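Encoded as structure tokens, the following chain is the form deposited without the ligand, with no partner shown.
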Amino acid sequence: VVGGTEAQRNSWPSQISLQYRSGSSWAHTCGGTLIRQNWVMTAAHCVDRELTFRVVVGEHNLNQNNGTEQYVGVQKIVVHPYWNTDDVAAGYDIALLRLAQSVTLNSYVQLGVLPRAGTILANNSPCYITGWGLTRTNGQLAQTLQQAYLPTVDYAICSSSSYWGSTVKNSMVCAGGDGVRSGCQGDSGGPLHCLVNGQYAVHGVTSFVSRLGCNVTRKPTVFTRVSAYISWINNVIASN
């Protein structure tokens, strides 16, 4: 997260860290959202490479024991059937991970709230992006969870020529673009929490930013619109 601030230790309990094994150590690669005690929602591009993945819940500082973390392996990966690695702009950047075991819920580990199917947010809706991703374009990962206020930019505006143009679809949500705050590498797959009816709900899964850099004016961070995949999500969890 570029231009963010350190999040309170228990502000976003559904946030998870998706890590892969590198030799004899683990490395953070993406964010995600705990949606069931044994299911995690993340971006499909986070699991394109065939590596060994593990999920960490109740995490705050990546480099030190907080005494609240739970480490669980990934048993099965279900990527959306239409996902195409060579065309992230085509959408469908979403995947579900079945955990090897159910995690225990407490003040640091809670399920994320999903929006009702089809819900579209008005322009400039209040949302926050969270993650341990780069704090600057071509920078380094954050040690502690960061958050940044990223109001939404409706489809009409986001798909205009001055912004993303035809690169963005209605199955996506745009947020930010002020040239100061944005998601960045390492935030992928993470949540976009938006306040609706007094409750924070996860409306997006971080998908992509500009090739020119993370925080670029008129190039808001793009997220997979969760509300467009509710039926798919429910079908997978109830089936597997």
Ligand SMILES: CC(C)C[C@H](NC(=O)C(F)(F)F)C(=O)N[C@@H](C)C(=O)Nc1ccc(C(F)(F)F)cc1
Second form
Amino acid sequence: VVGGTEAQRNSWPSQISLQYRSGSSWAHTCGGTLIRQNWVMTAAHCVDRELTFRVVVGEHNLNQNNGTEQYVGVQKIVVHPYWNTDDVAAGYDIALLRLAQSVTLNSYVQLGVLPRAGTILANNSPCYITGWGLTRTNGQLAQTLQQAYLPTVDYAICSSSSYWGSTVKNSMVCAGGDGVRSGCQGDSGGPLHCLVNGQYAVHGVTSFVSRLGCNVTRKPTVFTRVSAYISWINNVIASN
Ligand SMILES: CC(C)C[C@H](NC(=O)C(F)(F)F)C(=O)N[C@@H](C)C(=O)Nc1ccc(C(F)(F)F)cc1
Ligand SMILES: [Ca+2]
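Next up, the form deposited with the ligand bound. The previous block was the form deposited without the ligand.
After this comes the whole thing, all chains and molecules, with the earlier chain placed first.
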């Protein structure tokens, strides 16, 4: 997350690390949201390479033992049927991972809350992006879960010539845009948390930044808008 602040051990407890095995060891690739005791929403894009993956729930500091981590292997990766790998801009950038075990719920390991279907955030909705991704353009991944305040820019503004143009769809949330904060590489798959009737609901799954850099003026961070995809989620969990 560029322009972030270390989050607390328990501010965002649906946040998981997707890790892939790296010869001898595991490595952070992407984030995700634990949506059932054994199901993690992430990006289709994260799980695009043929690599062995584990999920880590209870993670705050990657590099150090927190006393709270549960490591569980990914059993099944269900990508959106319509996702084309060579076109993020078509949308559909979402995958559900069934975990080999169901994980223990406790203060560090909770279910993320999903929006209702159809739900569109209003231009300016208070939202937080959370992740271990790069803290600079061409920089380095964070040791400790970070957050940045990332307020929504709606379809109309986001699809003008000045901001994104046709690259962004209404299947999509663009939060941010201010030159200072946004997502960046390694936050992908992660949750956008936005405040709705006293709850933090997950409204986006982190998709893309400009080819040019993470924190770029008039290029918000783009997230798969979860409320579009609710029935697909429910169906994949119901039949699998
Ligand atoms: C493309 C994916 C692997 C996503 C990758 N996303 C991220 O790093 C994250 F976490 F911010 F979501 C990204 O934006 N990387 C930059 C460097 C990129 O290639 N951006 C980008 C790609 C395609 C377009 C498009 F759709 F217009 F072709 C626009 C920007
Ligand atoms: Ca750790």
